[PDB]
Amino acid sequence: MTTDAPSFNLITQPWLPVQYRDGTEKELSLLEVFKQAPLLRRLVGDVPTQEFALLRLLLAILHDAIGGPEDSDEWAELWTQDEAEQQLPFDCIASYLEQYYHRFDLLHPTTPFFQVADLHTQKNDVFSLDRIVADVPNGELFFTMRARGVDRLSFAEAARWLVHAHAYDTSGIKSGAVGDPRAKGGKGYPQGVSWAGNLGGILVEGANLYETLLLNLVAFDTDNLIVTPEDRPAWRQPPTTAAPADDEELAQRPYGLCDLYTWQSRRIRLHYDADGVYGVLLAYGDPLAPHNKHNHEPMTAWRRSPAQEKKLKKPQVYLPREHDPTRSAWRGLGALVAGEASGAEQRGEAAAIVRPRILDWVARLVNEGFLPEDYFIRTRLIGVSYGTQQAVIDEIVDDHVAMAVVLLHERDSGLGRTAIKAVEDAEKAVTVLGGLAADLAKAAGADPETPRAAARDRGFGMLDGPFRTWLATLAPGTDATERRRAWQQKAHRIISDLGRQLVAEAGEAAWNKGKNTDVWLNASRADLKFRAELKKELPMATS
Amino acid sequence: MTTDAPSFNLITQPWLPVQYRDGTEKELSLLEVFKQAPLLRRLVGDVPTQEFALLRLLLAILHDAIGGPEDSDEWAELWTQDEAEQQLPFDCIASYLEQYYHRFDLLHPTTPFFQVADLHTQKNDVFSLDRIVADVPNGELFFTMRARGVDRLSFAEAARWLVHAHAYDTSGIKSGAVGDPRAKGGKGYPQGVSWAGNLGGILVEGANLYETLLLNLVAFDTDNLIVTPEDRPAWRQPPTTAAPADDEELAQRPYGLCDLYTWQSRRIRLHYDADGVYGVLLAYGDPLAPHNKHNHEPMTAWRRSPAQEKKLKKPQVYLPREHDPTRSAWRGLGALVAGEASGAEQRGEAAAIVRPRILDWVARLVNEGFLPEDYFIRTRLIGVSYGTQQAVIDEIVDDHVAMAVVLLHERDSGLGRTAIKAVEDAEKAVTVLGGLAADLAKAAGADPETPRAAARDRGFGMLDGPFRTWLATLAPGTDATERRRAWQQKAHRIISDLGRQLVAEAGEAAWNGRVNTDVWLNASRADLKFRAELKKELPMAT
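Chains A and B, in that order, give the protein sequences. In case it helps, the deposited numbering puts the first sequence at residues 1 to 512, 517 to 547. In case it helps, the deposited numbering puts the second sequence at residues 1 to 515, 520 to 546.
Careful: at least some of the hints might be erroneous.
27 Å max Cα-Cα, derived DSS-like pairs, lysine-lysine [said to hold, decoys possible]:
#, chain 1, residue 1, chain 2, residue 2
1, A, 428, B, 187
2, A, 533, A, 490
3, A, 490, B, 187
4, A, 442, B, 314
5, A, 519, B, 123
6, A, 442, B, 490
7, B, 123, A, 490
8, B, 313, A, 313
9, A, 313, A, 293
10, B, 428, B, 490
11, B, 313, A, 442
Think of the hints as simulated: they come from the structure by calculation, not from any bench.
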């Protein structure tokens, strides 16, 4: 009967919410997700960051259950585009999970999944779940007795957040684990955000889940990737305690992709009962810092940081380039397609390192012919932008850039170039818009800062849909010039229309008697200047 | 028919959650609250920030309903300490509200309370209530699709958040009201946090709501206060638009306390059916820049900011001093008692200005013998620390300091001074502790930064409890020196014990058989030293 009290084994019970192609939504076991993968478009995380972390948990399973693709030649045998045929290796997989049945039990008596069975603070304080749940802040901070749907969670949903937390979690002062040799008086002083939280994260998506999974399943031989032979998932290493692993183990760690896509950044223990989960203890886990990890972490773009170089007295230092919630994904194709960022040059970045290994992996697949040039892909961007002192979550980033693969293959003078240059064009153009907002503010005696920053939003706002779609026109058949023109025309129209609205808005305010009719004349002046400079920045459009 | 006029008039319906002295919590009407004030211990806001705004609302009504306390003499005709007597002036009030019945109905078709009946987007979008609920952030920001209990609020709870929002609300990019001349294409770009969110707010609390209310009801003749004859609450001004009040108005505004405690920092409209409220529209209202507003806002400590003087080319600028969430209130006593803060001199701050008018009030009250010296008050600290670019709320600050009133009186060299120095003592002491954890980390070759950081926390942790109770010792009868000693003795005991545990914990390592004498040798030295200098910093100790 206590046999029912560890009843929740994630191999067999439903907990992973998924979305079949014919719309249907359902939660599933690990087993079944693998079985059904070609039939699902995606997972449906309680929150986008969940989808990322879980995917990684799946890839770690995959990676291990095969001893991962060593070659691309090896990877290749797993993969058809034939809709009727795609399966995963359910048979290798089942067998793999059959072995570790007992580590995948969430409610397990000692080896429970992703938690230390034994964690307590000194008073065995049981914290509420605002702690793991991400759209929910710690009641402590708002002083709330007021309940928020987070008093109780389902075994299923709890599991989700648990995995999520290890990936993505604030650098608070957390509560102190007993047996933690860092628990200075029952607290854990800040040790940094959990690992995935350092990344401007990047997965590849296909039409179904099967495709999504394989496309992200990097071969270990890939240029500038590091996969030591003892690489293994957290659940295939000795069960963790309150203490982090001693530094000499941490020394050659992560072992690789299984280890990393499973990294135990925290130490968690759920409090629960016959049918629910009511409480948690969340404490610090294993520190792993993002400096120069570009040879280990394929799911991020990198950027070089001279500040850190000077500070740590080391010659070269790279760091995850993080996502920026202000900008839409396509605004940094530069970095994704060819590893180019506007600082470049000055910091001494190598585009080779900047572009995510995982896009490198796909580019490699193309260059070798395992994928056609006109293959299509959502490149998904997922992160968290952490808040004040990295200790709160301000928001989550979930964007994507849908594109043909040619682009990665042709980052040089190919269509890759054209697309980057289209973005440069957009950014050039919005600036001309920014210019008008200022000229107009000045013509009305106001400060330029906010009206200009405002027009720039409306600018990128109005350009976005159209850009994304023009980006999708780019394919092996198409021409450089023909598209490059097609885009400038479009932008020019969008933006000079937006310009016109702006000018209208100015003349609305202009009388509500000397300085008055000045805004009309001078606005008009500012307007002609604007057209002229837009014709100049978009010279391909003339029409 | 009249059913066709769904209605929730705030004067009459239950919606302010209160606590009686006998524990019991009930929700109450405005009328019922004023009636039972001497019976009620406090307001229970869904969040302490409501309590601050909600009192201010209650305060506005009060001031206005009696043409506000002009003298302290007029004030005095409303107050005894006789629990058996203490009534408010319910009659003045009952009628005051009965008169403006039409402005206080939440769901009024044209004059709804604190909102604009008329308000819309271009495409008329109804946003979720994440916007006005403070515990809950935007669904948009998380892409969250499952309610965390905010699809629906009841009329009551909604009303509460509404008021809160006008006081306390993030300076996001917000939705553009149609009719707003600042709505560049359906969004209103950031324009600062709502008025109350500018203040490290301060209230004075009593044993019941009767006292809590009367205590904060300043006489308008009070020195350094600006209450124009115009002064009236939002419901005595014409109902507001999508538009801001024009510049020529906001020029000689706010009018005073009724105007200010009621400020229309946002423009809001509730979306409801017969039963609850399901949606909201929240847009920017009237800007109120907190610079040199010390003469209008009784409820914060002020601070002079030279950086801003430089920036604005003004010779002088005060700005509300906000609360610091890291530290306990009693650490800030300097400003609260005598307006003394450690930058003081450098910034050319006038202490006379820094101390909240609200305490200057209590001080004057005491000084004219209306409150006795030994009278006790909690001094409440409420704020919100706004997050990244003021667009998010990190946490809410809610603390307080229990004290006898004499502290505002003898602030020169008497009891007030001793309390101020007793704090400085605590600060001095914890650093001797900090030094220890540091010299220990060094004697081991660990980084000294977090051990020191931690050891400080524990220190102020272990001094908070006893300090607060040492403070409540100071009553007119007492001896300044005698108490100062007593406290220094206590600190020394407390902190030297904490020292011993730190020394213990470093040795814990190999106390339980688990591990260059230069550790033992040096760590031993570090211990003797901290003991030595803790004696020096608290010289009145044995």
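Right, here's what the structure says about each hint:
For a cut-off of 27 Å, the pair hint linking residue 428 of chain A to residue 187 of chain B stands: about 24 Å separates their Cα positions. For the suggested pair residue 533 of chain A and residue 490 of chain A, the alpha carbons sit about 20 Å apart, so the restraint of at most 27 Å is met. Of the pairs offered as hints, the one joining residue 490 of chain A and residue 187 of chain B holds, with about 25 Å between alpha carbons and a cut-off of 27 Å not exceeded. About 23 Å separates the Cα atoms of residue 442 of chain A and residue 314 of chain B, which keeps this hinted pair within 27 Å; it holds.
Between residue 519 of chain A and residue 123 of chain B the alpha-carbon distance is near 35 Å, which puts this suggested pair outside the 27 Å criterion. Using a Cα cut-off of 27 Å, the hinted pair residue 442 of chain A and residue 490 of chain B is violated, with the two alpha carbons roughly 64 Å apart. The suggested pairing of residue 123 of chain B with residue 490 of chain A holds, with an alpha-carbon distance near 26 Å, which does not exceed 27 Å. Between the alpha carbons of residue 313 of chain B and residue 313 of chain A the distance comes to roughly 42 Å, so the proposed pair goes past 27 Å and is violated.
For the hint pairing residue 313 of chain A with residue 293 of chain A, the CA-to-CA distance comes to about 17 Å; that is within 27 Å, so the pair holds. For the suggested pair residue 428 of chain B and residue 490 of chain B, the alpha carbons sit about 14 Å apart, so the restraint of at most 27 Å is met. Proximity of residue 313 of chain B to residue 442 of chain A is assessed by CA-CA distance (about 21 Å); at most 27 Å being required, the pair is judged to hold.
The structure is inconsistent with the numbered hints 5, 6 and 8, although it conforms to all the rest.
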